[PDB]
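Next comes just one chain, in structure tokens: the form deposited in one PDB entry.
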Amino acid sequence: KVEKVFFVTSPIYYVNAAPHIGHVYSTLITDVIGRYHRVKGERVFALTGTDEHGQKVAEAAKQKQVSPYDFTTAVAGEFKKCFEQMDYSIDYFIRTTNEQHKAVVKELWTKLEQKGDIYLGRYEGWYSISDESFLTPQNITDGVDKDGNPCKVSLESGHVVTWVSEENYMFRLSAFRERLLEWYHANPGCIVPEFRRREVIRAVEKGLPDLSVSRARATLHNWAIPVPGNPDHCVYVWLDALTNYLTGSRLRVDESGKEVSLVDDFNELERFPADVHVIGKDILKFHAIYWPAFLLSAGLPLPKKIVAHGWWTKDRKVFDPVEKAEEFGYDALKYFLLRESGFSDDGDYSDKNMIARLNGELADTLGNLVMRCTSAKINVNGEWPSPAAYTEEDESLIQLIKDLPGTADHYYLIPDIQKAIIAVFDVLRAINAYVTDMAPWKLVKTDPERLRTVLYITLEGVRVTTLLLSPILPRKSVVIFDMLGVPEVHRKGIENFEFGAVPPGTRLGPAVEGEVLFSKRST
């Protein structure tokens, strides 16, 4: 019960290679969640960015034979170009090379050391460079390296692992087991979906070793943040990386989305801790185990929710998001990725199924419906009519429209965007059945009063559904509201989740001779 900036993040992505889907997916989920809270009238800060340090990224820049500084800048430019083309509404793009971020990392590091949670030790064990992840012997197995020779690989990811024996600064993660366990249990929604929350607990129950938070300077090709007070060591890319969330919460951003100052105290901008960390299933441990343990050591507040979707947010496997968005449309693609993907990789991403959902749901259910209630043939006055008396059937439909907001609200807040969309379209399917059942095209001649009632209900249903769909279909929801003639003030705010927010007499927006909202793609 504290009014605060709703702070939602994506992961920051390794810039070892171009952006692809998945990066786009993760950022989409972050964008949608942020958008939904904006239509509720809440303050929002959506964060995304790039993870530019590390052995991975340094060695990727070597293979392209160019400077780390030049390489990280260039790939990051590609991430921004991509995210702008994607038409998101993110508030800030962060980069771990940012000088103010570096400052926050060092500040955090010192905090951890002053608390006595960092000591000089050794790590002697396996490491996946591609994952920047330490692994116990039970998490590797036999495999083949890039030359076809025998080697070891992560069971997590199948990437090549190498044995590391280094004197590192070690963090006392073992000491935080009992407090994390308390945290998971006191806050049973803090990790979503449930079966990933159960995975985290089982792992932490088993026992936690201490974590290596530094590495030898040479190993990282001097591409990392120096450990404060020890120039021989660099900060573990993951500590560095996770700290972006804290950095983001402390950056004042200007008109153009550029940082202009870093604040001393996170309370100043009221963002920290994150309300939702959006992540892929591949990085759960860093966020649900390491991250909270660091925060507990530093006396910082823990995030409210971590949601981990069913995608490998990096290095999976030809599905270009821009080329698909130019083919099928931008809101349609976003709708398709959000509708087809629950909390699994079991989704069907063929063109066949993209067309089935476009035509099936977007066109026949949403599109057809929007036309009917604006059609000059049916809505002959091009206005919102005054409803007459309601039948029990009218009420049954109206009831669905009234209950829809609270239900979609809960789903968005889980967060489960698929279930929110499904819940909206269930109401859309019902409105269409109602209209088929009522044949308003016939009512124009036979019963004008009954038409008034039918058409009003259809308009409000289309408005309320379109409102709750506006985070998924941002550009199209604007086109729909324009057709319905909905004033700007009524496109936002929980006030306008209520039935009858737009008054009768409201005039529809101007039409165009060959206009179509969602265009049917031939199979």
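Between two forms, the rigid core is the largest collection of C-alphas that superpose within 1.5 Å. Numbering follows the first chain given and starts at 1. Compared with the form deposited in another entry:
Just a single entry of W312, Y390, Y349, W183 exceeds or equals a 2 Å CA shift between the two forms, which is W312 (rigid core superposed).
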Given for the second form:
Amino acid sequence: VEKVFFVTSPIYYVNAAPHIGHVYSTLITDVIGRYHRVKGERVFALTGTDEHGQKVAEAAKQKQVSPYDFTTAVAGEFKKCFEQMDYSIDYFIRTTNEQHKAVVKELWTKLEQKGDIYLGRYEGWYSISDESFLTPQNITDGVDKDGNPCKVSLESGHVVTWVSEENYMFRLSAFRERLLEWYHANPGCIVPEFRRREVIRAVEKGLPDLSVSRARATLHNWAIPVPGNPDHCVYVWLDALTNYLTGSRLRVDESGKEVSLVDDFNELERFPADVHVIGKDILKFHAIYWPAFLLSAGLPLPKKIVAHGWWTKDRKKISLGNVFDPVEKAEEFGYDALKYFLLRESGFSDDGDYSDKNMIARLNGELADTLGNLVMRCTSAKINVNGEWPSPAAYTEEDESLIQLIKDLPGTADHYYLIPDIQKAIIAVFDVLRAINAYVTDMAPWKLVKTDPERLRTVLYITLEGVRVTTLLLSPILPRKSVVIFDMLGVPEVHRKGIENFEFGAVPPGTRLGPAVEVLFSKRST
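The form deposited in another entry is what I need now, so please give it after the form deposited in one PDB entry.
No partners, no molecules, just the chain.
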């Protein structure tokens, strides 16, 4: 299937201001999207805001403003944040959008017609902060804003409350076997692997039916009405998850505004998602509820769900006196640099840790000393006297060993990007960058200028090509810096994307370097 590559971030609750968690998830989404665009594919990358529900409406009430005003303002803050972070997301969806609501109603009605929605009761615990139903085994004792003895979620630590309401119920229990079939037939559909195992374990134990409506009073009437029953509202999570289906169906203009909802998702060739990027905290909603809904509706399932960890700063919980502002740190250290760090410092299996110390260490060691150094050396007037890509002479075995690494890199990085495992992709590229540096050091091209100009041609060419290829594969990570690098190397635009240009030798000898003006990454004081 030649289709539009469709990658999503979660849609974020607007109870609070954008923070590192949201920036991180959307970064991952952005990177995946960028890699598929550099690969030459059609791409649609989606992010946005989750605007209905009890949680949001209570947040509005606390700020003493209407839910409508509150959500529009906070959505505005999210949009500004993502603009500032220099992402390349194709559309920003809001669940208050009228087209989204129409899709929610269609999906609901499809589920109901299928016989998978019935009128029942939920009597049990509920975390308003996670909009999550919990069993008694997932709660325990704790404290609230006052410090009174309450119940809290084992998962999140947020206060839970007992709910007893007549609710539309979705027959989730009936989907156990089909979900297990899906997990097992598609053993790469959840990443990383240990999270896939967690999901399978949970579904094996059995599934209860799921409340998909709430009484309108409970949600302060801030939600989508149930079709044919105005006394009930659609569960915020059914509403929310449906964003991916809505997004897959919106025609978007040049300015990024939604102009049309298509009837059939196939018309835009996006659904279902190739990658849903999420935090570990919402895995059950995406790997269990979502596919069950899609199975009921007869809709295709997503290819991959990738679930990441949470950040800490200085080994401590990120208000409490430990702020981590990504815009602030990007202004201090550089946007590409901070992005690189977030993506390199930890894998999707880990809870990453930020500190200025280790940020500087990676900036200086990897970006400046390994990458930047190499870029300056091969473009330097001292070494590259003609300011061009030279024509190589005959290759030694040592030359061939480096060339082989450069040739193998795209295939290796490609597999990692598709997992997806961006950390391993970065590490693979930097392994090759370190080898190129070692080669340059062994060959001492600065001496060759006077001693053996023929040999220098060969060394310089291989080095330039290694820098081009590594930089191409790093361009989704360092989108702005990659352009600077290509400009220094004089790589024509046509050669900055497309799988054809993953091949060693794509830029011909005689190509002129860009003019000199200057540092790529400036090292910071320890």
